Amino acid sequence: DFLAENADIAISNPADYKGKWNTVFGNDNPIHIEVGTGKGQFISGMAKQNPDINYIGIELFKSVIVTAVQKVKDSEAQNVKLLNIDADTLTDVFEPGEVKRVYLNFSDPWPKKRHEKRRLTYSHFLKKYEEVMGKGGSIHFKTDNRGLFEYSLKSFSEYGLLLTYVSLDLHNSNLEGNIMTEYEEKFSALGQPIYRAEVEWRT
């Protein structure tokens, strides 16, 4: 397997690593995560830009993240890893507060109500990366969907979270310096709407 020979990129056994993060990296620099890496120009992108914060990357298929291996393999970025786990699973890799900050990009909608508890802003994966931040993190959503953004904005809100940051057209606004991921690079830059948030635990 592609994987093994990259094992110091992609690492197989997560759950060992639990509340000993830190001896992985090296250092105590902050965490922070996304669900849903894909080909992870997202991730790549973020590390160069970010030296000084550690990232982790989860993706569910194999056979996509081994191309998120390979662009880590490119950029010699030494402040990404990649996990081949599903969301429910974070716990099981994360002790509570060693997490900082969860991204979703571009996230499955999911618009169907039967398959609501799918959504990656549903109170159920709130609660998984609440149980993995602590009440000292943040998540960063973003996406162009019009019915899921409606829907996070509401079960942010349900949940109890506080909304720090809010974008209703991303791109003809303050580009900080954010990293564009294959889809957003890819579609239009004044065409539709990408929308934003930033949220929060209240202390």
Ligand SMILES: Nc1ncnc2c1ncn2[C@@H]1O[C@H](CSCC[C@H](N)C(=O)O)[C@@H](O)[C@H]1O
The other form holds:
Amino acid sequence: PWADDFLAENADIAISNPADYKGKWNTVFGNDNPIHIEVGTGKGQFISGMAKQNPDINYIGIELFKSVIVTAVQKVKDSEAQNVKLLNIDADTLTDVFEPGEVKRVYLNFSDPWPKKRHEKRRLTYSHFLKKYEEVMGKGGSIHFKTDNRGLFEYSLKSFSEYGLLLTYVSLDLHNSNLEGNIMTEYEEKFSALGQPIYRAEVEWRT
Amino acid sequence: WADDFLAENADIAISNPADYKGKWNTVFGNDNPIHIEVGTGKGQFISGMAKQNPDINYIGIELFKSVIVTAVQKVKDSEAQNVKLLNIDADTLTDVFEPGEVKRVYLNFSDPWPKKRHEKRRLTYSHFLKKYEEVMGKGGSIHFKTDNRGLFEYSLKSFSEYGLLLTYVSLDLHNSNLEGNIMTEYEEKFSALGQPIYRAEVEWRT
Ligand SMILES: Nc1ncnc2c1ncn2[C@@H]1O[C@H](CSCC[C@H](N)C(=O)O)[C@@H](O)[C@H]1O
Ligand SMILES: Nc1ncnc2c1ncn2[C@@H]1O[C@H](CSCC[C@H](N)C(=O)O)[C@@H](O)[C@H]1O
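Starting from the form solved without this ligand, produce the coordinates for the form deposited with this ligand bound.
Full complex below, order starting with the chain above.
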């Protein structure tokens, strides 16, 4: 039972035309709380938790795989969170969806590592996407990155440094470094069970 | 008192390094690049890198004379002539080298000084980052490896805040194949129990 008409019925959580609201996302939520976005909201357990945890922040999740954003809309439907919208769009469309400074933070969780050299350009921490984040947040923004992948994290650290961003937080073992209020992602729960360390970085723009 | 073998081996352990500021090419006899290690220890590292790379001039610094003696002995057993050693504190680096005279600085398993009041004693603190810039110029780099998650985590932020560019970073050095890697004494000990060894390379922006 493949369900795509499901996303049309819940068009109040899954905005089927997000480009229309560029510059006007404050009207979409009804308040001017800061908008934080997650670029890879696979299954929406994280975004839902951060919403319930922080009612005074407006969360917008982005997902490319429609097979999995469906699960995300269901978690937002169950959590009854009213400060969560979801976009089934590609990260390259960020500048068509948000005006500079409309976004205040970007959350990156367990993104695809694309280990091969030819696929650096597809990594969500590559300078192309680093630019897209600068273009929607301005220089008053930050990136909150967590991943299990040593390769992707190692690369991301260099990529942040090369782009000129300031490292304000870095953990090389998140579940042994006490972080108050940490919402685990689906991928975080599984690789945590595996006893593998989870890396976390906070990176922000210089001003 | 006494018990110093350093006077007899004054050709490896330079007992007056401030005299040679600006003139270290005369101390070696060539213009091979000068790499320095801060916090040498028993000298296993500096000796290995010297024998491995005869075309680089290595100068190791150590504060405790009890342990630099072991370092001069390892340099004595190896036949490397491109190793000098200084029994001095990292602060006097600007009294020993002219800007641009040093090309790289090696930091291995430095003291972490975990509590906040002793941040200023850490060898990756902005004070020392300046001292390294002042002896290397903008053409220098730092090659840091340590077992300490705390110190590495801090150092990465410290490098970023100071404005240095991260060109290499390993969060598991013995699973990331590094070809020219010479293990330090402390590296061998913390390698036991499989603790991960972190490594970073940072260089100045231009
Ligand atoms: N360019 C892009 N735009 C949007 N989503 C993307 C993307 N590239 C990858 N993704 C999505 O990002 C997710 C990363 S894997 C799942 C991560 C999730 N935070 C978790 O921890 O469970 C995948 O669902 C993938 O399809
Ligand atoms: N400011 C300073 N100047 C010089 N040496 C210092 C120093 N602070 C600490 N040290 C020395 O640096 C060493 C740190 S322990 C590391 C030993 C060696 N690098 C190894 O990896 O095996 C100790 O010998 C300590 O006494």
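Throughout, rigid core stands for the largest set of C-alpha atoms superposing within 1.5 Å between the two forms. Numbering follows the first chain given and starts at 1.
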* Asked: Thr23: with the rigid core matched between these two forms, does its Cα shift 2 Å or more?
  -> no
* Asked: Do you see a C-alpha shift of 2 Å or more at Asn13 between these two forms, with the core held fixed?
  -> no
